[PDB]
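Visitor: Given chain B's structure and the hints, the job is docking chain A onto it.
Here's the letter readout for the chains.
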Amino acid sequence: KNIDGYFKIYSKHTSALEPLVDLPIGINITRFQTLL
Amino acid sequence: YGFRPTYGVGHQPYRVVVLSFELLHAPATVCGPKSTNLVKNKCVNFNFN
Numbered sequence: 196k197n198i199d200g201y202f203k204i205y206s207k208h209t221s222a223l224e225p226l227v228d229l230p231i232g233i234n235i236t237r238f239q240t241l242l
Numbered sequence: 495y496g497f498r499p500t501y502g503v504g505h506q507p508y509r510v511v512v513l514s515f516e517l518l519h520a521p522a523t524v525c526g527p529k530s531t532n533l534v535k536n537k538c539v540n541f542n543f544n
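Chains as they are written, first to last, in the deposited numbering: chain B, 196 to 209, 221 to 242; chain A, 495 to 527, 529 to 544.
Keep in mind that a hint or two might mislead.
[Unchecked claim] Computed Cβ-Cβ distance ranges for the label pairs, DEER-style: (1) A:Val511 - B:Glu224: 21 to 27 Å; (2) A:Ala522 - B:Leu226: 19 to 25 Å; (3) B:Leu241 - A:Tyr508: 48 to 54 Å; (4) A:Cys525 - B:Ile235: 51 to 57 Å; (5) A:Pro507 - B:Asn197: 47 to 53 Å; (6) B:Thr240 - A:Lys537: 54 to 60 Å; (7) A:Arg509 - B:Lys203: 20 to 26 Å; (8) B:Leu242 - A:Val534: 54 to 60 Å; (9) B:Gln239 - A:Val534: 52 to 58 Å.
None of these hints come from the bench; they were simulated from the model. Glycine included, C-beta positions come from ideal geometry on N, C-alpha and C.
Bound-form chain B, shown alone:
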């Protein structure tokens, strides 16, 4: 999640998800891509 002031990341390993990081990096992320 990223709303105009932060980049939030939620995770949970086996239910609800807890916040993990709150980077204040403000950028204009538009696309998503992962690497194997």
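Guide: Quick look at chain A alone, frame taken from chain B:
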């Protein structure tokens, strides 16, 4: 220049440091410094962040 310890008062090396401030559309993670003790069982005023 060739500085020597036998010069006068105006011909000596001086180290000058300049600090510039910047404020743009970005979160401010650099602030300045003030914490007191804790009291209980009394009607007082508190401030927790």
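Visitor: The structure should be examined with respect to each hint, and the outcome stated for every one.
Guide: We went through each hint and held it up to the structure:
1. A:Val511 - B:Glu224: 21 to 27 Å: violated, 44 Å
2. A:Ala522 - B:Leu226: 19 to 25 Å: With a Cβ separation near 23 Å, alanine 522 of chain A and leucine 226 of chain B satisfy 19 to 25 Å, so the hint holds.
3. B:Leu241 - A:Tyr508: 48 to 54 Å: holds, 53 Å
4. A:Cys525 - B:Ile235: 51 to 57 Å: The hint (51 to 57 Å, Cβ to Cβ) is violated, given that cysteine 525 of chain A and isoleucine 235 of chain B are roughly 27 Å apart.
5. A:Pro507 - B:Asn197: 47 to 53 Å: Taking Cβ atoms as reference, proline 507 of chain A and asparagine 197 of chain B lie about 50 Å apart, which means the hint holds.
6. B:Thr240 - A:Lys537: 54 to 60 Å: Given about 56 Å between the Cβ atoms, the range holds.
7. A:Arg509 - B:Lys203: 20 to 26 Å: violated, 44 Å
8. B:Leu242 - A:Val534: 54 to 60 Å: holds, 58 Å
9. B:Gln239 - A:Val534: 52 to 58 Å: holds, 55 Å
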